[PDB]
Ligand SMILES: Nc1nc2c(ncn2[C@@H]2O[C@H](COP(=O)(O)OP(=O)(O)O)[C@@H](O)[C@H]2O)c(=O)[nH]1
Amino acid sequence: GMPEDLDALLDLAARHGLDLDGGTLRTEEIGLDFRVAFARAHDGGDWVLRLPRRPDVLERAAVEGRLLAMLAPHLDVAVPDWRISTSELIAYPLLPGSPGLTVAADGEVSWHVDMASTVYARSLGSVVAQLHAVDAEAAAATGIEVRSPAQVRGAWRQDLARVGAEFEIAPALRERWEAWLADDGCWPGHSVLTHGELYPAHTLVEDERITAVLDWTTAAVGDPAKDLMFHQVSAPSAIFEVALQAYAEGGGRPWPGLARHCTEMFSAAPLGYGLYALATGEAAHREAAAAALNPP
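Please write out the structure of this chain alone, matching the form deposited with this ligand bound.
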């Protein structure tokens, strides 16, 4: 859709050297931190605009920029190349391929790639191995969050306590999550650079192969499984094994309990809803988290 502040946005982009055809500028997605728009330049190039919605987003954006600068040479998929990156505007050339899925504003999901795909599984395992191979000290120097295996497991234990102090949690869910936290077989023995929100909305594809990976704000050194989780819970087990095999062939070090860890981690999504509601303070979020934490 045509932005209501179209006028100011063209001025903003031109002040940064980007001469856009204002007819082409349309808002694609309004995130919690960035408004994202597509636009074409008069020289024909296609562009993505990231517009920070509040000044408190800027120091995280600066870390992500540092991350992306060190990361890009290490991966055989494209990542956003922030040719403009200021306090007022980030912009990068539009990356090729189609999002594997798209989540509308009304929450409905449109799928472009099917999770039974062996080609997609192999591609995902390969890209995640390459990311996981990135030197974690070099990644930590960008400013991203860093957790050892003990701190990964400690953070989940702390989150269960913080959420349980503010919400009623169904006893069967608490017992499942306590059993998960207690089970050494589930937990990683090493930390790696991770994407942190790796699912098909952020993997562009062509012919079921990943061409680019978007949206690196959540990148951190931490649990390898978090970048395989969405595939584990959405793909048939035999297709997740194709991704695990590609991961291992690329140098990844999966552990036997990893698939189960992914499914226990996904069952704990309500903890994330509770943490999000505690951060926003909004009534609708609190009520959504409350319902998810104590299901019928």
Given for the second form:
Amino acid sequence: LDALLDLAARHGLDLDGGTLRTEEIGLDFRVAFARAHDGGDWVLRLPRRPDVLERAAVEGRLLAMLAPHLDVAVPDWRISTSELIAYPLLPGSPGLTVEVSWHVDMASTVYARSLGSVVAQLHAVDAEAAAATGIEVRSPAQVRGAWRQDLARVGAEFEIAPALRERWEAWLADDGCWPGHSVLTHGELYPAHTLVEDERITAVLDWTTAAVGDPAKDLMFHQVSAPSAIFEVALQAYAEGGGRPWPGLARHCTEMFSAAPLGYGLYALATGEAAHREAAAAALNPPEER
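Please supply the coordinates for the form solved without this ligand, as a counterpart to the form deposited with this ligand bound shown previously.
Only a single chain is listed, so you will not see partners or other molecules.
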């Protein structure tokens, strides 16, 4: 426990012991919240394994370019080592906690107007400069072919219900759903990474999943959660800020969300734990309703 403060002190950040709090449940990083002697709030990301350092390396280079381009705050890494990532605690409360406690209702026009503005600014940023950070880059042809390749990989290792496959086969063949341009995307945009103050976004956490690809990636969860008119509030703010949404985008987000079992299937293959393919096989092949 006190080794954390020696670890923090070794990197020139003397924190108060009594104010230190742990958030141990995290997979990649064990997260700690602290107050310094100066009064500043600090977030400690302690890498659990060496595997997490590569995406943390790409993230730091992506955050260094990103801060000037967004109105909302983004983690300002001031310490990035093999032992600790430390940035000042960003303002705002999360829109989501995990039991399951929400802090912003998805039917809020204020949050929808905020999301569409943040996403539009993120997507407006030059992709070639974003690519130099080392993130994944996929053209509009490659984002669509990726799902084609993902379906083949999962369908080769898991039995898949025809009701689900046929829906995704129909989703992959419908030209109207698919984007014609690629942008810089957050990759996992949902309220748990959206810090809010009076239902307005003030900072965006966690950019490990950032990549150049489908613009609908960062709008999907809102499309799936919010009422139809509320999602067009976000789309209106998205368009007025430079976003270029296509008519079949809302359907595309719903179809993409129904393909989450494909994501669980790819995860269980890289992970290998039998419980993680227990749930993937159950998602890709649901039993009979009784």
